[PDB]
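Take a look at the letters that make up each chain.
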Amino acid sequence: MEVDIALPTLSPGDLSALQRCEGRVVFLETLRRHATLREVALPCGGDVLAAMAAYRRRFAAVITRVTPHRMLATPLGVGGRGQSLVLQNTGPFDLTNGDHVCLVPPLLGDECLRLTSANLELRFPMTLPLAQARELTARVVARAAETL
Amino acid sequence: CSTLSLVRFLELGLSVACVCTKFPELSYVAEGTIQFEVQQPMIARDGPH
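The listed protein sequences derive, respectively, from chains k and p. Quick note on the deposited numbering: the first sequence kicks off at 1 and runs consecutively. Quick note on the deposited numbering: the second sequence kicks off at 51 and runs consecutively.
No lab work stands behind these hints: they were computed from the structure. Errors might be hidden in some of the hints.
Simulated restraints, written as ranges between beta carbons of each label pair [claimed, not checked]:
| hint | chain 1 | residue 1 | chain 2 | residue 2 | range |
| --- | --- | --- | --- | --- | --- |
| 1 | k | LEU113 | p | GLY97 | 43 to 51 Å |
| 2 | p | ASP96 | k | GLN132 | 43 to 51 Å |
| 3 | p | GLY97 | k | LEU49 | 31 to 39 Å |
| 4 | k | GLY13 | p | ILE93 | 44 to 52 Å |
| 5 | p | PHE59 | k | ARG32 | 27 to 35 Å |
| 6 | p | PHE86 | k | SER84 | 45 to 53 Å |
| 7 | k | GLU39 | p | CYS68 | 15 to 23 Å |
| 8 | p | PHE73 | k | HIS34 | 19 to 27 Å |
Partial selection, computed: residues in chain p whose CB lies under 10 Å from chain k [stated by the list, open to error]:
| hint | residue |
| --- | --- |
| 9 | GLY97 |
| 10 | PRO98 |
| 11 | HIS99 |
Just a sample of chain k residues kept apart from chain p, beta carbon distances all over 10 Å, derived [as the list claims (entries may be wrong)]:
| hint | residue |
| --- | --- |
| 12 | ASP4 |
| 13 | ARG32 |
| 14 | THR36 |
| 15 | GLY82 |
| 16 | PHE93 |
We treat Cβ as the ideally placed atom computed from N, Cα and C, and that holds for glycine.
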């Protein structure tokens, strides 16, 4: 089960940068085999809580092979508990061995991928250890509760 | 004397509507059927569908 993400014609100066994305996860709405890239899209920063809630309704998928034609991605978890794979560490902290990981939306809206070839940006989240994702979620929910 | 005008079904127009069959054992049959099978064509599609 490997999903297929097709691409439009992009600039040769941007496939060289998108190809460097081989371990960041995307968030699809459905799990049909063939799929487009326009569907998986996210605006720039804003309302970290909204995205955090959206990270429960949609299920993740790790990408492993890029081609200027299509993109092969792996449905992360729906039915498998042993699919040993690799994903890059785009988190601020440093993760040792035997650490359960967690996807958290990026902060400040500073780090995104403005793709001008088709006018759409993809905000790949960051991967943190559980112990610090818990404190981050706690701080944000406390601050949200503070404002009545 | 008015002779009858013999008409046969094979010479009419409606012959081309139905195929007929001399089946002498018809009164012997229970519920009888016919069977069909068709295959609808399909067109390829360039689609993420």
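Hints, one by one, checked against the model:
no., hint, in the structure
1, k/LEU113 x p/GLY97: 43 to 51 Å, "violated (26 Å)"
2, p/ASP96 x k/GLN132: 43 to 51 Å, "holds (46 Å)"
3, p/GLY97 x k/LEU49: 31 to 39 Å, "holds (36 Å)"
4, k/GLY13 x p/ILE93: 44 to 52 Å, "violated (38 Å)"
5, p/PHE59 x k/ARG32: 27 to 35 Å, "violated (59 Å)"
6, p/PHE86 x k/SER84: 45 to 53 Å, "holds (52 Å)"
7, k/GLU39 x p/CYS68: 15 to 23 Å, "violated (56 Å)"
8, p/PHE73 x k/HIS34: 19 to 27 Å, "violated (54 Å)"
9, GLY97, "holds (7 Å)"
10, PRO98, "holds (4 Å)"
11, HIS99, "holds (7 Å)"
12, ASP4, "violated (8 Å)"
13, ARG32, "violated (7 Å)"
14, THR36, "violated (5 Å)"
15, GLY82, "holds (29 Å)"
16, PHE93, "holds (37 Å)"
Going down the numbered hints, you'll see the structure goes against 1, 4, 5, 7, 8, 12, 13, 14, while the others check out.
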